[PDB]
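With the hints as constraints, model all of the structure from the sequences given.
Now for the letters of each chain:
Protein chains: 4
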Amino acid sequence: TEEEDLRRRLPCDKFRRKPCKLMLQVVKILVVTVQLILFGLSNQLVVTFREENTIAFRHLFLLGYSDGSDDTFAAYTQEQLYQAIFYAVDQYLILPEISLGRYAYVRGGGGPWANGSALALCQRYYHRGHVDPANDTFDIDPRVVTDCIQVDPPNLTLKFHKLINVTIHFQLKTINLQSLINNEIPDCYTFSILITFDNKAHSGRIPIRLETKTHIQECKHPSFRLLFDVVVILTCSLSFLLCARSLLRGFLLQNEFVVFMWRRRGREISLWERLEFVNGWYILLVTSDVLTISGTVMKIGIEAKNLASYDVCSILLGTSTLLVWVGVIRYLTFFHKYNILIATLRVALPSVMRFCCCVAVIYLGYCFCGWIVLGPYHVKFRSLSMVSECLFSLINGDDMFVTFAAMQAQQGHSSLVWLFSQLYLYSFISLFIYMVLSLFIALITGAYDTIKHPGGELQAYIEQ
Amino acid sequence: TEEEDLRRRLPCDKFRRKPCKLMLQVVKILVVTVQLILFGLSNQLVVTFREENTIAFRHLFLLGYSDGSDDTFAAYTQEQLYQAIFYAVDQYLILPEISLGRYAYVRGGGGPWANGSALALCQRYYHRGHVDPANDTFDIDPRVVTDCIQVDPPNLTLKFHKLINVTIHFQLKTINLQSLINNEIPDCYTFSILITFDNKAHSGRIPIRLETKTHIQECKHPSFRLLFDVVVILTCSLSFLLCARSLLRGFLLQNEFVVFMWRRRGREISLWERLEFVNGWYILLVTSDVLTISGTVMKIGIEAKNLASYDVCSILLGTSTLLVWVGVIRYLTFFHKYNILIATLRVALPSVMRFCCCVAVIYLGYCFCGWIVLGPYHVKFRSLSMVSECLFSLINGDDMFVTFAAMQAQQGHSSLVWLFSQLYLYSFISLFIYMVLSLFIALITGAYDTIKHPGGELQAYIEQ
Amino acid sequence: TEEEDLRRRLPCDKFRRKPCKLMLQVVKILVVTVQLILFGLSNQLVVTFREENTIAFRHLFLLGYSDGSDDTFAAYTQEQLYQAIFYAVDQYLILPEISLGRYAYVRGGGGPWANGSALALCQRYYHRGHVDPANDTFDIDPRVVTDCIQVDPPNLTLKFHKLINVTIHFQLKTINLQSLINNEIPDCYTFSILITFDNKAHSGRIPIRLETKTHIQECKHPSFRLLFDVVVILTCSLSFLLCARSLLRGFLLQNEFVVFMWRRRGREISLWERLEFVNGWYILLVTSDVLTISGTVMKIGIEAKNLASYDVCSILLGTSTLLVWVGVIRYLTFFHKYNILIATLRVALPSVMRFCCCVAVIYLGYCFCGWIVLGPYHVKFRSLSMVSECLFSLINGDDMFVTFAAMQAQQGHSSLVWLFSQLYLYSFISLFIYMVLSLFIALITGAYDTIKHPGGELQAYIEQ
Amino acid sequence: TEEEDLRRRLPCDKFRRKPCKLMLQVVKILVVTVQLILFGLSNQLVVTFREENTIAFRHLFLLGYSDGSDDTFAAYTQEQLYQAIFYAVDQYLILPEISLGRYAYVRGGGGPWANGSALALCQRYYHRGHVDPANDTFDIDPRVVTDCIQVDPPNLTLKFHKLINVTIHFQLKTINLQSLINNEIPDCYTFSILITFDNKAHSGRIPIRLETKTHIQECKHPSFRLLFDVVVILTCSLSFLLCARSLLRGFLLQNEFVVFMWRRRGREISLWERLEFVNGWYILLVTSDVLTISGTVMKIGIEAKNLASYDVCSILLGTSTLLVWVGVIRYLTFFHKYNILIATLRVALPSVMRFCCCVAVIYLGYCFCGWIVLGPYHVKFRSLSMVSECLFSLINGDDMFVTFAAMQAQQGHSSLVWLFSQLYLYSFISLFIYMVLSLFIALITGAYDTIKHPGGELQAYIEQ
Ligand SMILES: *[C@@H]1O[C@H](CO)[C@@H](O)[C@H](O)[C@H]1NC(C)=O
Ligand SMILES: *[C@@H]1O[C@H](CO)[C@@H](O)[C@H](O)[C@H]1NC(C)=O
Ligand SMILES: *[C@@H]1O[C@H](CO)[C@@H](O)[C@H](O)[C@H]1NC(C)=O
Ligand SMILES: *[C@@H]1O[C@H](CO)[C@@H](O)[C@H](O)[C@H]1NC(C)=O
Ligand SMILES: *[C@@H]1O[C@H](CO)[C@@H](O)[C@H](O)[C@H]1NC(C)=O
Ligand SMILES: *[C@@H]1O[C@H](CO)[C@@H](O)[C@H](O)[C@H]1NC(C)=O
Ligand SMILES: *[C@@H]1O[C@H](CO)[C@@H](O)[C@H](O)[C@H]1NC(C)=O
Ligand SMILES: *[C@@H]1O[C@H](CO)[C@@H](O)[C@H](O)[C@H]1NC(C)=O
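Chains as they are written, first to last, in PDB author numbering: chain A, 36 to 45, 52 to 57, 61 to 198, 220 to 287, 296 to 529, 536 to 543; chain B, 36 to 45, 52 to 57, 61 to 198, 220 to 287, 296 to 529, 536 to 543; chain C, 36 to 45, 52 to 57, 61 to 198, 220 to 287, 296 to 529, 536 to 543; chain D, 36 to 45, 52 to 57, 61 to 198, 220 to 287, 296 to 529, 536 to 543.
Any given hint could be a false lead.
[What the hints assert, rightly or not] Derived CB-CB ranges, DEER-like:
(1) C:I246 to B:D191: 19 to 25 angstroms
(2) D:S113 to C:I246: 43 to 49 angstroms
(3) A:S487 to C:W157: 57 to 63 angstroms
(4) C:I142 to B:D191: 20 to 26 angstroms
(5) A:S487 to C:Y109: 21 to 27 angstroms
(6) C:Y109 to D:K227: 43 to 49 angstroms
(7) C:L405 to D:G528: 31 to 37 angstroms
(8) C:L405 to D:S113: 57 to 63 angstroms
(9) B:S113 to C:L320: 32 to 38 angstroms
(10) B:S113 to D:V188: 48 to 54 angstroms
(11) C:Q124 to D:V150: 23 to 29 angstroms
(12) D:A158 to C:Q124: 49 to 55 angstroms
(13) D:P287 to C:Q124: 32 to 38 angstroms
(14) D:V150 to C:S113: 35 to 41 angstroms
Keep in mind the hints are simulated off the structure, nothing from the lab. We treat Cβ as the ideally placed atom computed from N, Cα and C, and that holds for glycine.
What follows is the structure, given as structure tokens:
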């Protein structure tokens with residue numbers, strides 16, 4: 036078992061590869077990360093391309109549109125409602141003659157089966173909608189009927226009470242020429258454009274929005298980097314295999330330990346080990362495996378069902394790097410000249426975790442105040458929602474000036490509430506602020522307490 | 036008395061219901077809270093409905109209105125003054141032909157007795173108002189006269226010196242169809258609209274505003298959730314009763330103690346007990362009772378006089394949850410593995426409270442600086458008012474960049490004041506900031522001091 | 036001398061008026077403060093009146109004026125320059141027919157001797173200004189000539226190179242009717258209006274501004298509160314006298330002490346006493362005297378030369394209240410149950426003051442970085458100026474997001490500077506932030522150090 | 036060697061010039077700094093002149109330009125594209141008749157060789173650009189061709226697919242008259258104006274910008298301050314020489330020490346000395362030398378190749394002052410009554426530096442989260458870029474309200490991401506905030522730890 040203890044001890054190489065593999069993976073893993081950033085950078089530019097395209101589309105297909113008007117862009121009058129739709133209509137008609145871009149649209153029918161449009165002007169309304177507020181009655185069959193008019197590239222009215230929503234659907238193709246700057250072959254994009262005039266609230270206000278989906282592929286006529302990505306993916310598989318192997322060794326050790334604690338004296342009893350870290354030699358590899366598995370997956374099987382899947386997988390990769398980033402420093406610390414910083418973290422959670430819950434508890438009540446208080450005035454608080462948003466306010470500056478004072482002159486109303494709003498909000502800023510440092514501080518003192526001890536398996540060691 | 040001591044000790054069940065009741069109430073209480081949130085969520089949507097309606101009304105009845113113009117929307121010329129009024133007038137005339145909503149208005153006369161309008165264009169002016177600034181005199185009978193013109197759904222001038230204010234009052238009814246999305250029967254709303262052109266300042270500037278009151282009821286032709302709310306209300310009564318019972322037990326204990334301290338030796342003397350907490354076993358129940366009493370009340374007797382009363386009662390409920398929230402954790406802590414976090418709070422107040430007053434004292438002077446300084450420049454400081462608002466600035470970021478620098482280039486004026494404004498405001502940021510952490514810190518150290526002891536009835540215990 | 040020691044000890054009354065006087069003064073002083081706030085509140089409203097008037101005047105006399113355009117309101121073309129001047133001109137002509145206020149203007153000539161205008165359209169230009177950039181020469185006699193055109197209430222061009230500035234001066238009288246709401250007799254205001262088209266920079270940009278001075282007096286035909302103010306002023310004199318008396322007693326004590334330290338043994342040697350506080354028994358009274366002297370002065374002798382003097386004096390009053398506020402708590406503390414909070418402040422300054430200078434020193438270098446760095450990009454840093462403004466940024470949030478990031482995409486220019494701007498600004502945020510808490514903290518620990526001793536004349540005491 | 040030890044000890054003068065030199069340099073150095081500020085202030089005004097000129101030029105040559113529109117100023121339609129160019133064109137034609145300034149432009153051809161314009165309307169496009177998105181192909185010869193039209197002071222169309230960019234280049238001369246206010250002779254400026262209509266992204270959006278370069282010289286017909302600057306430069310040389318001398322002495326001491334440690338016993342072994350500071354007696358002088366060398370250089374040899382070089386050199390000067398500022402206080406401290414503040418800094422770095430890396434490590438992972446997360450939503454995060462920008466957010470307020478909440482309602486998209494964005498960003502705010510104070514705190518405690526020891536060569540000293 037002495038060998039096993041030595042293994043647990045693991052510097053060891055110096056006493057003397062496997063580390064290189066582990067070392068390679070961060071570099072291997074680090075490189076894949078590099079590949080992701082490189083993929084990420086390209087995506088961002090192309091992400092950049094998408095952003096540019098979106099701004100343009102909004103400006104191109106939107107009438108009366110203004111920057112920062114997205115929050116409020118809407119129609120308020122039938123005369124108001126019609127003009128944009130006509131305005132939108134105009135763009136489809138006249139695009140080749142006015143746009144600063146070169147777009148081509150053909151076929152591409154949606155979204156119900158068949159046929160061509162390119163874009164279909166659709167109308168959705170209740171199959172039956174007798175609405176008579178004057179006599180406080182209505183009679184409704186809420187089944188939604190969709191009437192769509194087809195427009196082929198080179220004036221329809223729906224009753225306002227009737228409208229549920231109006232959409233305009235069309236597709237435009239364009240070449241991504243910017244690629245030439247990054248020494249790449251221009252891409253072939255197909256933009257699916259959806260303009261929605263939403264009347265689902267039947268509020269007299271109809272917000273209008275334009276959204277786009279982008280399908281990207283190689284042009285009609287045409296590996297290097299792709300091959301490199303494939304090699305990177307293969308390396309990741311090797312790293313995952315190495316992790317599985319290490320995991321197996323750890324499991325054997327556990328069996329020895331499970332056997333060992335029991336085995337020597339028919340020995341009892343099992344120990345949770347509390348934090349028992351350390352922690353990462355095994356936990357980290359699995360996460361890495363998850364990150365590794367994900368990359369292959371994004372590159373592979375559900376990449377044949379693209380968009381959400383690609384993005385989600387990327388999120389997993391991030392955990393590995395910082396974990397990937399994190400592991401290296403700990404490996405990197407090499408005891409970090411005795412690893413003083415590392416020890417500091419562990420003590421706090423035990424006290425902090427208990428501390429966190431009470432704080433959440435103190436917080437939960439604070440959060441509820443928001444639910445009751447909010448409805449009467451302000452938009453910041455209104456749902457769990459903003460109530461989550463406030464939580465930002467107490468910790469940090471940006472909120473405090475704007476609500477606390479903006480609120481006081483107020484929308485107001487209710488003399489008591491104005492009395493009420495100060496009474497509570499004011500209460501709110503203070504309690505956490507004095508406490509929070511202490512929780513960090515008391516822990517921080519505790520860390521100092523961790524430090525005081527700090528400032529200056537066991538049996539096995541003794542035996543050795 | 037040993038039994039009494041055991042009762043004080045109260052884990053006890055484990056030594057062994062009542063806890064379940066107490067337990068039920070938080071769940072019962074927690075559920076009512078859930079009901080409130082559910083009520084709160086519905087209200088917010090409906091609160092949402094109200095917000096939408098308000099924005100729409102402003103846009104609908106307002107001419108030249110702009111978003112964020114509420115702060116400044118006003119008339120400056122008689123030509124200016126007339127146009128909106130005409131503009132407002134137009135809306136009443138032409139609403140059925142231009143609005144994206146379906147409104148019906150009938151009868152509903154206000155606000156002096158009689159009759160119909162629907163909306164009355166009223167004029168208020170001084171019975172006698174000879175105003176002659178050219179000769180520095182005036183002769184006034186300030187009794188206000190109200191002339192109202194009635195307009196029945198399908220050009221009047223008042224002297225500018227004369228105007229006190231002009232109002233436009235009218236009611237519109239509409240069905241709340243959005244309810245269908247939340248699977249509810251559409252509601253019947255009556256919006257009371259009041260547009261005010263306020264000349265009370267006789268400043269040459271007439272701010273114009275539009276406000277609405279909403280009366281909500283079931284449509285003309287038509296329990297589940299209501300029944301559930303009733304059941305919840307009944308449960309609350311049971312909880313209140315349980316609290317009264319517990320309170321009675323506590324009182325009996327107090328009599329024993331009042332009797333006991335005196336009784337054994339003709340014993341003296343009474344002890345305040347300082348904080349004596351703990352604290353919540355009795356204090357918490359009463360608050361809960363207040364919250365419980367309030368819910369029934371909002372649901373019940375002064376709910377037959379609706380609006381302010383409903384809102385105020387909700388505020389009371391919040392105290393119970395966080396208190397409701399708070400109690401559970403303490404109950405929940407079950408000593409919290411020795412309840413270390415809980416102890417921490419108590420020591421500080423004793424020192425902190427003393428600390429808070431001095432700070433208020435340091436603060437009171439700081440606040441006064443604001444009253445004298447403010448009038449000359451800036452709008453942020455001007456009344457107790459903003460002076461309260463500044464208090465936000467020192468603690469948190471949002472204020473500091475905007476005033477301190479915006480002020481320095483300044484509206485300015487007075488070479489000394491510009492010298493003056495920096496001299497003091499600059500003084501202001503520093504003193505609290507170094508101190509405040511210490512007050513938390515010194516307390517925090519004190520908490521550490523609380524901690525240092527921390528880091529590691537009496538007679539009765541000894542006897543036991 | 037024992038009696039003298041007892042006097043130094045001063052609770053004493055309880056051992057047993062003078063305190064009541066001292067007590068009266070804060071109340072007396074507190075009341076005067078109350079009077080000031082009352083004066084301050086009235087002034088603020090009237091301050092409110094002034095603000096309203098200013099906004100109105102700007103809107104009234106300004107063409108193309110927009111809110112928040114004050115920062116940028118200016119003319120850029122001769123066609124541009126003329127229109128406002130004509131526009132301003134129009135207002136004088138047509139005011140009685142378009143304004144929502146009632147203004148009367150007569151006589152009131154300015155600003156050179158004579159005569160009437162009411163407002164004079166003045167032109168200032170260099171007596172001689174041959175300016176020929178094409179041949180890189182000029183010949184100038186910088187003496188300024190002022191040509192003014194007089195306009196009597198019921220098209221002049223100056224060469225652009227020629228212009229130094231153009232002003233429009235006129236006076237308008239109006240009655241302050243709002244006073245009626247606060248149950249006061251309307252006031253008689255005379256507004257002196259000055260519109261300036263400033264070409265002193267000869268930059269091609271001419272900023273245009275409108276400013277007003279307000280002369281306030283009783284109407285032509287017409296004590297209570299004034300009498301009360303007078304009584305308050307008299308009380309203040311009594312308080313000052315009491316302070317002088319106390320000061321004399323302190324001086325006698327000092328003579329005893331000066332005599333006493335020397336006298337007993339031909340005794341040496343004098344002690345500075347370091348902080349020797351305490352501190353306020355004498356320091357506070359003098360400040361109070363300054364505040365007291367100032368109030369009488371504002372009310373009295375240089376109030377016959379009004380405006381700056383009135384405002385400056387008010388500033389002095391503030392010191393007394395907070396000092397007025399401050400003294401009471403210390404008196405109020407009555408040892409504050411042993412006055413623990415009070416002791417805390419003293420230790421820190423001794424270490425903190427030393428700390429403050431080094432910090433200023435660390436800061437001075439930080440500030441210089443601003444002077445060199447700033448000119449190239451951004452407006453925030455540019456002069457001592459903004460450089461003062463930045464100092465706000467490090468401590469508090471509002472600055473950090475806006476410059477640090479806004480700067481990075483940047484106006485930029487200079488590849489190194491973009492490298493440069495991050496390199497230094499980034500350096501800037503960190504150094505103070507870690508340190509500052511420590512300075513408070515290290516002091517705060519020191520306060521704890523103050524606390525550690527804390528947590529738990537001499538000869539005279541011993542003798543006693 | 037005793038003398039050498041005494042030298043190391045260096052108060053010494055009091056035991057007793062060289063200090064005066066050192067003293068002179070800060071004053072000498074301080075004065076040069078003063079000169080720089082004076083130079084800096086003049087530059088800023090002139091910097092002010094440049095800013096004014098830029099705003100004016102933008103307004104003057106820009107059509108439809110709006111303040112704060114710089115971020116977005118662009119053309120979207122050929123009809124849109126043409127108008128500004130015509131608009132810009134108009135300004136060159138009509139400037140003498142509309143501008144509020146007096147500009148003269150002659151000769152000054154750019155930027156390819158020859159000849160006159162003054163401004164050349166240039167067009168850059170691909171030598172060959174067959175672009176056919178409809179058939180997903182293109183055929184391109186990316187060599188850029190530049191066609192420029194010359195316009196001599198008293220309608221050309223390029224295919225949109227074709228455009229790479231269009232520029233307008235012209236020069237204007239003007240006299241800087243404002244100088245008269247600062248009692249200086251007006252300067253002769255030549256502004257090189259470049260307007261760019263950038264189509265390099267071929268995105269359908271063409272951003273338009275105007276930039277200026279300023280060449281400044283004395284007018285055609287015409296030392297004091299220049300002589301003074303020269304004297305200052307000479308003084309700096311003397312200071313540098315003094316530093317070299319001191320450095321030589323230090324080197325001799327090092328030889329003695331290098332000889333001494335080895336020499337006495339054939340002695341070993343060399344000590345790094347860790348921080349060994351102190352530190353500045355030698356390090357500071359060299360930096361000063363760099364600052365000193367730079368000033369002469371800016372004034373001298375590469376000043377005959379002006380602009381970037383002048384600015385960069387200034388940056389070096391700043392290090393000396395704060396270093397210049399810093400040294401004096403340490404010299405100034407004169408042990409600072411035992412120099413307690415100075416000691417405090419040293420201990421922390423040893424622990425802090427280790428702490429900083431781990432933090433960077435914790436941070437590096439945090440930063441990566443940004444790269445993956447950002448692309449989907451928001452502009453704040455998008456590149457290393459903003460990811461750097463976020464780092465501002467956690468420490469300070471301005472960021473936290475705006476992203477955290479603005480993000481939550483969101484651009485959004487992806488139900489998981491909305492789940493995702495909160496899950497991580499929320500994670501992000503907390504971890505550093507509790508930790509950071511501790512790192513300062515734990516160090517701060519450590520500083521206290523530094524303090525605890527604090528609160529209360537060797538061999539050579541002993542010998543002495
Ligand atoms: C075209 O649309 C009509 C419905 O309007 C549908 O019946 C028909 O099948 C469609 N044909 C094609 C080719 O899409
Ligand atoms: C109406 O809009 C909603 C999104 O707000 C969408 O889910 C629904 O399918 C649309 N229905 C019609 C008929 O457009
Ligand atoms: C109608 O208004 C007049 C006052 O203008 C009032 O005298 C009369 O009683 C009112 N009648 C009704 C039915 O409101
Ligand atoms: C004038 O407006 C005020 C509110 O600012 C209101 O209280 C008062 O009743 C109104 N009077 C008239 C005649 O409108
Ligand atoms: C009127 O102005 C002229 C200068 O234009 C001056 O000479 C004359 O004395 C003034 N008279 C009065 C009464 O102001
Ligand atoms: C020009 O304006 C300045 C203030 O910027 C003022 O001091 C000066 O007296 C004015 N001179 C003339 C002739 O208007
Ligand atoms: C003028 O420009 C033409 C090109 O358009 C060039 O060939 C010629 O040399 C130039 N001459 C001068 C004096 O710039
Ligand atoms: C186009 O603009 C870029 C800067 O964005 C510049 O570097 C390049 O020289 C320009 N080329 C032409 C032909 O204008």
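Do the hints match the structure? See the list:
| no. | hint | verdict |
| --- | --- | --- |
| 1 | C:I246 to B:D191: 19 to 25 angstroms | holds, 22 angstroms |
| 2 | D:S113 to C:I246: 43 to 49 angstroms | holds, 44 angstroms |
| 3 | A:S487 to C:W157: 57 to 63 angstroms | holds, 60 angstroms |
| 4 | C:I142 to B:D191: 20 to 26 angstroms | holds, 25 angstroms |
| 5 | A:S487 to C:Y109: 21 to 27 angstroms | violated, 37 angstroms |
| 6 | C:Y109 to D:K227: 43 to 49 angstroms | holds, 45 angstroms |
| 7 | C:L405 to D:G528: 31 to 37 angstroms | holds, 33 angstroms |
| 8 | C:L405 to D:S113: 57 to 63 angstroms | holds, 58 angstroms |
| 9 | B:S113 to C:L320: 32 to 38 angstroms | violated, 59 angstroms |
| 10 | B:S113 to D:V188: 48 to 54 angstroms | holds, 49 angstroms |
| 11 | C:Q124 to D:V150: 23 to 29 angstroms | holds, 27 angstroms |
| 12 | D:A158 to C:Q124: 49 to 55 angstroms | violated, 37 angstroms |
| 13 | D:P287 to C:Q124: 32 to 38 angstroms | holds, 35 angstroms |
| 14 | D:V150 to C:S113: 35 to 41 angstroms | holds, 37 angstroms |
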